[PDB]
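Take a look at this single chain in structure tokens; it is the form solved without this ligand.
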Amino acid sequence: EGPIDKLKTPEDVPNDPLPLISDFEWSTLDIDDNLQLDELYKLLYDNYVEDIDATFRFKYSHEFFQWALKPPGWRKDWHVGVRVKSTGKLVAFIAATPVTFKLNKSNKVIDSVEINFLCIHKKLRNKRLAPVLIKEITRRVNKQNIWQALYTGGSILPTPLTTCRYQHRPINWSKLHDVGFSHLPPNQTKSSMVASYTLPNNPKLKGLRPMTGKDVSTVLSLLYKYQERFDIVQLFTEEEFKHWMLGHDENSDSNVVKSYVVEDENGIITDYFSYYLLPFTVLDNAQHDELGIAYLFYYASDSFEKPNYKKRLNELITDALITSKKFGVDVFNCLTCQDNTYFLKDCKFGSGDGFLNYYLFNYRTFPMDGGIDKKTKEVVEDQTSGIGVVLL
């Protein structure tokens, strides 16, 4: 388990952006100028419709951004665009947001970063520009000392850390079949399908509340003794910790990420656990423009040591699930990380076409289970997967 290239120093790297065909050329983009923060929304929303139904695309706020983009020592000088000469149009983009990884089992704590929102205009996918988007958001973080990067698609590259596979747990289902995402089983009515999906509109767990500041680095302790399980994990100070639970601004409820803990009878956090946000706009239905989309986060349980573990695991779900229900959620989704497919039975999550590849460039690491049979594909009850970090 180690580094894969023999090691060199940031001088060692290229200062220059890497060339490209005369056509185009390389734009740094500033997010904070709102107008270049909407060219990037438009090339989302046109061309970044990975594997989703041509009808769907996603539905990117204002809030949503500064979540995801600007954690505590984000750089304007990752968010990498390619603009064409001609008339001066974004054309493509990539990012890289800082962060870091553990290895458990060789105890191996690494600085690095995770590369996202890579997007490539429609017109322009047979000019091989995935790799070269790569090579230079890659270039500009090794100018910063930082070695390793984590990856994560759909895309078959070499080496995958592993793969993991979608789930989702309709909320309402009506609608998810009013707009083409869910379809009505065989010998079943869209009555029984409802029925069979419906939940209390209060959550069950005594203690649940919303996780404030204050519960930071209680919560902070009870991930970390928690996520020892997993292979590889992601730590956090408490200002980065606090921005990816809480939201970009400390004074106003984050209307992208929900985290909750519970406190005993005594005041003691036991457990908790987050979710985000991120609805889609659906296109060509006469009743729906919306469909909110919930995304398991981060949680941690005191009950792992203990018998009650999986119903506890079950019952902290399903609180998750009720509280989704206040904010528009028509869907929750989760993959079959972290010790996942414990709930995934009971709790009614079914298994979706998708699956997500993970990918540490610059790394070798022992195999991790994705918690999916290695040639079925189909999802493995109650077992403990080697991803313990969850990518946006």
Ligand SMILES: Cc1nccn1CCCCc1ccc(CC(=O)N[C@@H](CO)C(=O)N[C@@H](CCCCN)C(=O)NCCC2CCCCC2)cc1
Contents of the next structure:
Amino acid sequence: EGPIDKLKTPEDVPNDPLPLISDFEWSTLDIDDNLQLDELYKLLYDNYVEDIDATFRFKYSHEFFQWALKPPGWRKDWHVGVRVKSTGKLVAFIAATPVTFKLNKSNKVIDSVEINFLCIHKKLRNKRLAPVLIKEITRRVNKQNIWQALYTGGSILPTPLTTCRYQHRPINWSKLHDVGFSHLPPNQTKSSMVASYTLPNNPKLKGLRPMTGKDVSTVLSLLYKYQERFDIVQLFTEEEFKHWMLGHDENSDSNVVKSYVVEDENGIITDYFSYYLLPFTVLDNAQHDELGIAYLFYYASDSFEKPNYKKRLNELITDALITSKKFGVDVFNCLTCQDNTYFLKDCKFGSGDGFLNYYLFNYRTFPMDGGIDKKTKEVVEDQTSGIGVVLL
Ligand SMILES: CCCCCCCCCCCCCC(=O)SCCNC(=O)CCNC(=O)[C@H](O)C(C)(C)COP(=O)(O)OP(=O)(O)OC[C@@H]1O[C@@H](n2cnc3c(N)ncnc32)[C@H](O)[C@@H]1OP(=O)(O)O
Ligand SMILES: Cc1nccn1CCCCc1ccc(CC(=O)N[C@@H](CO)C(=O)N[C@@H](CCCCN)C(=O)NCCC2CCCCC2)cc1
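Write the structure block of the form solved in complex with this ligand for the protein whose form solved without this ligand appears above.
So here's everything in the complex, that chain up top.
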């Protein structure tokens, strides 16, 4: 005779209404399961980032996902998907990947994460699902005692570190024209343009060779020395840098990241550069269905201290442009970050219509130079940008 439940008081009961029924459920993806990797691939292929005119869409491949989402220390529960209960169809996704960065001006090192691949099926937008995905990944990261994050995005977000502008260097101008990526300037002809962008078919620098596992430690020292010039920079353990520069070195030969080094007579490494391949799907075109694209990644030179710096940097990027032809690259991209403004003009990079904002979650710092004029958004030559990190 009496109550069946244990005593409680108003403090013991939740203060927020219970959640109502949902047609969706959380689903932790396991990308080592090919079928699940296929689902993720499909979701982004049909629903990911497009340019302002809906002409092109980013196309991340299977190999690219395995490289980007599986760096040493990666966590499966940080690959968050959302599924329709009735059919089990994947309709949303977001990911966190470990990263360590340093703010050189205050000499502060932060073990953080990078948030990327936020995507919701086109037919499920404007239902405010995004805020939930963001809060859930935040929950899962905070659970591992990490409270800061680094990510990029469009203008739609408050207080960015800075804003950088995309730059484009045509390799196969004709194809770019054919798909509407570039237009013909007035009083100019298709042949005059092709002739102005033409490059040799073999690299010019002596000592240039593909980077190998033996070069990691030396290339890292070179990058660290070079990186001091920027405000925010990425740090790596030797295995992390190996992963990012060479990929999961199975039989080697990563098809997504390409690394090169320049060693002199004495066998000393004086320069290096890297870039990753991330094509564009051409939405509506009856002659081409894909645009080959390379993005400048991390690079360094020991001549930053000498007066031939700008010249050497231009030669270095020129050889990078030349090597990309071997991989079907139609246009080579980069941002106005790092010391890129030092070579943009002479290597014939043109400004694009896209911008990229950088954000730090839960961490305030002084704003940085984005390589462009704060007012006119135009590129400012030979300007060291505060941004020294590149995201995928
Ligand atoms: C310590 C760890 C912390 C970790 C977390 C750190 C923060 C990470 C933050 C994310 C880093 C992402 C890095 C990348 O991957 S940037 C790439 C983003 N992905 C795409 O652009 C793919 C194509 N678009 C889509 O798939 C959807 O439009 C998305 C999923 C973007 C929005 O879906 P939808 O169109 O259906 O909108 P909604 O009704 O559900 O939600 C409403 C909106 O949600 C907020 N919203 C919209 N777009 C973005 C955006 N680009 N960043 C941040 N917030 C964004 C915004 O506040 C607005 O609410 P409010 O303005 O009215 O208040
Ligand atoms: C990339 C990434 N990873 C993680 C996050 N993000 C950022 C995603 C959110 C921000 C965003 C949205 C969309 C894009 C794609 C985009 O708009 N790219 C532009 C960057 O400029 C572009 O390719 N533009 C082309 C095509 C434009 C077609 C019509 N819209 C262009 O400007 N071409 C001009 C080429 C020409 C310039 C002058 C010299 C000769 C070549 C990038 C980043």
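We call the rigid core whatever largest set of C-alpha positions still superposes within 1.5 Å between the two forms. Residue numbers count along the first chain shown, from 1.
No residue in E228, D284, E305, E238 other than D284 shows a CA shift of 2 angstroms or more between these two forms after fitting the rigid core.
Annotation: Cα of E50 displaced by at least 2 Å between these two forms, core superposition. The two forms, fitted on the rigid core, differ between these two forms by 2 Å or more at the CA of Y60.
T376 is not among the residues whose C-alpha shifts by 2 Å or more between these two forms once the rigid core is aligned; its shift stays under 2 Å.
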